[PDB]
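Take a look at this single chain, the form deposited without the named molecule, given in structure tokens.
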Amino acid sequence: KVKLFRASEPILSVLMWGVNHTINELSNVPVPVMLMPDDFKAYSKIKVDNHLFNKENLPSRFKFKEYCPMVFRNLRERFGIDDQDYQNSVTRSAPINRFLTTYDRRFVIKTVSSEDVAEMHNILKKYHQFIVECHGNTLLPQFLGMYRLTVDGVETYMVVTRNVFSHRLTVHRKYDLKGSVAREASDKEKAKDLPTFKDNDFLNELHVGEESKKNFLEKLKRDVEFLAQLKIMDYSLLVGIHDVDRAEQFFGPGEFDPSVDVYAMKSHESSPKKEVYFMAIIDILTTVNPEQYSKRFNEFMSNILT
């Protein structure tokens, strides 16, 4: 209950302090009957300027800013995420390795630009109403919070999402898929321990059954169609495969809580390999178009599952 905010970097400690502060503050704000237009233009800003006090892990001076806190708190609720757990995932231990992850791997913390923040504000209302409408059952990124950190006079923007991958299960194959032209992974990329394979890598070489294919493709058509309405493109389908048998060499094989690992789906019983898949849409912020991009994306993702 004594929360030091020890971290590898001052910036991370400031993040921890900041989520802590803002989440607490929000625990002193009543959950409204509904969001109002102003909430979509609102923010909190804090400037800390301490002196000879509590400088073990935190800087003496810094700034923290949370964009649209009522909206993100409502999003958090809609995604079945308790403010307290969110807070604990950020504050109990330094987030880890620009893409970061909370120590418990539940949440991804992505550094962004000023333009991503603007874009976010631009789509936030429609995004929220869409989340409401789909009861949070979506394949889009699930945005949990958005922050601006000012450390040493240097502004850093962050967006917090639920992890596409399991927070426990090891991912054994990564693909990033646009359905696009053509693209592959490099010698530079095929070098890594975790290669980000691509469309050509995948087509060169997913078994969930026809009901799962139904619901997944349903979700996808609805999300990709929403993305085309907002006239967005160049996003991908992030796909990760956990090979159950490979991992076997408290515990639980291929075991996971689908209320937590939200994008996880298991192999059909008559699958060649015992496997768990993770599939979501990413990169929705920053000679074709949405209609063409959206529909092509759909064709491709469709001929990916059986």
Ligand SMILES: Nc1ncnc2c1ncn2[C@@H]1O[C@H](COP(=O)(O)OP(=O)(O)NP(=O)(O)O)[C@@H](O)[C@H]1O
Second form
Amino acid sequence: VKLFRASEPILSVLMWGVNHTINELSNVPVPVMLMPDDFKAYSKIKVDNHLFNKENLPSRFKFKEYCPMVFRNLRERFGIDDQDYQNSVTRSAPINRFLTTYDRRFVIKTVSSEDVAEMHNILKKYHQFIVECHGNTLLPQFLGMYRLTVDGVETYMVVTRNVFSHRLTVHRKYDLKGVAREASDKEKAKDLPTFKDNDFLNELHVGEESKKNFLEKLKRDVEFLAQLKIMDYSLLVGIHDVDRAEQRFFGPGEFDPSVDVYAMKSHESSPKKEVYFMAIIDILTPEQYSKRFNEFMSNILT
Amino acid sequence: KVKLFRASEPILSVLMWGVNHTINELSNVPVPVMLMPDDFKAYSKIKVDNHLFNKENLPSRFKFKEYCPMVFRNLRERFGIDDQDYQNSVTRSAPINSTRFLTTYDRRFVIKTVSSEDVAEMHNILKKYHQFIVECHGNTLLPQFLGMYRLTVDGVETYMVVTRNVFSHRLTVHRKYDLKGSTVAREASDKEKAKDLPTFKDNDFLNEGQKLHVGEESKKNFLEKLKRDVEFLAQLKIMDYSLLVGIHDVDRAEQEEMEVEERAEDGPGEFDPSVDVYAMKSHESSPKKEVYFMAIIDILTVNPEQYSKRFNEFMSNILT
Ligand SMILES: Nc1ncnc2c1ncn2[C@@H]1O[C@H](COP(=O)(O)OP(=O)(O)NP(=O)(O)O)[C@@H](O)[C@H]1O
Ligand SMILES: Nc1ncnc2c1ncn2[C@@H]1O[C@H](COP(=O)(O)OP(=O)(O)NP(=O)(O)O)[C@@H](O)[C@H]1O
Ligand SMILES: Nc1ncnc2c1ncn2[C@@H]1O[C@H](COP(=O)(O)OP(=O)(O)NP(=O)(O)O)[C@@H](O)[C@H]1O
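Next, report the structure of the form solved in complex with the named molecule; the form deposited without the named molecule has already been given.
Up next: the whole complex, starting with the chain shown before.
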């Protein structure tokens, strides 16, 4: 029995909604190819309950899903099962605009109508690239996109794969832009600092073989982004120090590569034993920035 | 596994979609200790406007509304009907027709199109009808109401009520009567009489000498329901409802089926009573071995009191 209990009503609708669309999809055959109309398509449902089912949901709400077929394809191409995706959103309320699913597998980002429009502008080209690179990318993985309507207010959301491990704690964020920007004495007053380029140089050893696959990947992504006149991303980086973690059951530095899709173990010949997470984030908003950024990352490996 | 909701008309698709939708929704909703007053004023409404998506069987745009869902789920429970079952009967394959007199593909349930006025009359009587199904434990010749819906397709509204079938989902009806016990000439038409399975009326039955012989403990259970049922209806300003009577001929049912097997080369007279709920066997010492099906239908200078009494006498006499 899926109650849709959640702190905010808007969260209840997101749960209700992901549940609804995925069940509905399980009844729509998986086609032999996507079609052009699939990229212009959506699903809209308006609910009006009167004296019924009022416990966790609002009685009146709308739920809209953009290009359901495309995103179910992307999901597949990212090795994510629909039932799993559904369980991660519905089984428990997502948690703390930036959300994670209760199990930390997926990130839910609130976005503007301009973003949704930008998404539409890039989606076919972006899909074709996921095909061509067989899902092996450092680009953000777009899992679904929705418009919720609660109390006449519209809210747009994109679901992506979390960059960080869903289990392994993180101990240092780095948002790497590639001009100077640092961390705020106000932001450094928080438990998990979001440091930038300048702070990174002021303060990663994966080997020479993973670099030969990371950079292979990263450079092709950055190319594709340029040609989309997309600029202003970051590369998000995470660090998990194993030793500190220690201070039936899993173990230290133990992770599932098919789940924590961005996770990289450290070399043997390397200072502390740690697990890194790296992927490209925030792409919804060219060549200079791609050369200037691609070079910054390459200068952070050995 | 995949439910296409494929059907002869878009309206039936939407019917399938909607029964599927609501039963599924309902599965996420606990089962209450009691119903509350508002449960009887309650409804669910859904509006779908898909665009370029999922258009093979459903329309892109439709509405589905279910009346007092909690109250019908409860009716279903008291009539010994699982919601998953009910749902599979409506959604596994398209219902078939006889819009706008359908049966589920498996002949368990009947879907009747009704009027707006009918839907109103259901609301009027619903609180009373429910309480009646309570004190009578589900034992009644009255219609078993399992659901009530409004469909909107092409901006047209269609009202439908689901009942349990009076007839067997398995055994074959070879003859049927619709009886009111009226004073007026009730006979089947020239057109009716030439139909495949004509719906005969009071005077046909009478001028035909048929009695039904069910034998005592059956006759008693039946007549007791009838008295209680019709007295309930008369209480609720209800008139013009009929006793629906189907006859099944076992012998003819053993030969007809023996014709399919033969041409296909190129128990008998019994039924689960928990399923065929209005069926009674013919009396041990009767001519033909027969199964009857009898229920009241159509409840949505004569007044209701007199019609209740009258109807009851005629009915109480249709069978020895
Ligand atoms: N896939 C992901 N996995 C884990 N964390 C993520 C993921 N995507 C985004 N984030 C986080 O979500 C964040 C959004 O960044 P936002 O920093 O607050 O930038 P900002 O410009 O400084 N704030 P704003 O004023 O709203 O523009 C960062 O903390 C990211 O680490
Ligand atoms: N054109 C419409 N658009 C949307 N809703 C409508 C429309 N027309 C009728 N309705 C609603 O559909 C209903 C269902 O039919 P209505 O039969 O008379 O039921 P009711 O008996 O009035 N329900 P209740 O008051 O609980 O006894 C109406 O009351 C309206 O709520
Ligand atoms: N529960 C039921 N099971 C099987 N048949 C039913 C059931 N309820 C009603 N019927 C049908 O109802 C019939 C006669 O009345 P019903 O007519 O179809 O309403 P009506 O269309 O308003 N009046 P009419 O069509 O002229 O007889 C029978 O022939 C049955 O086919």
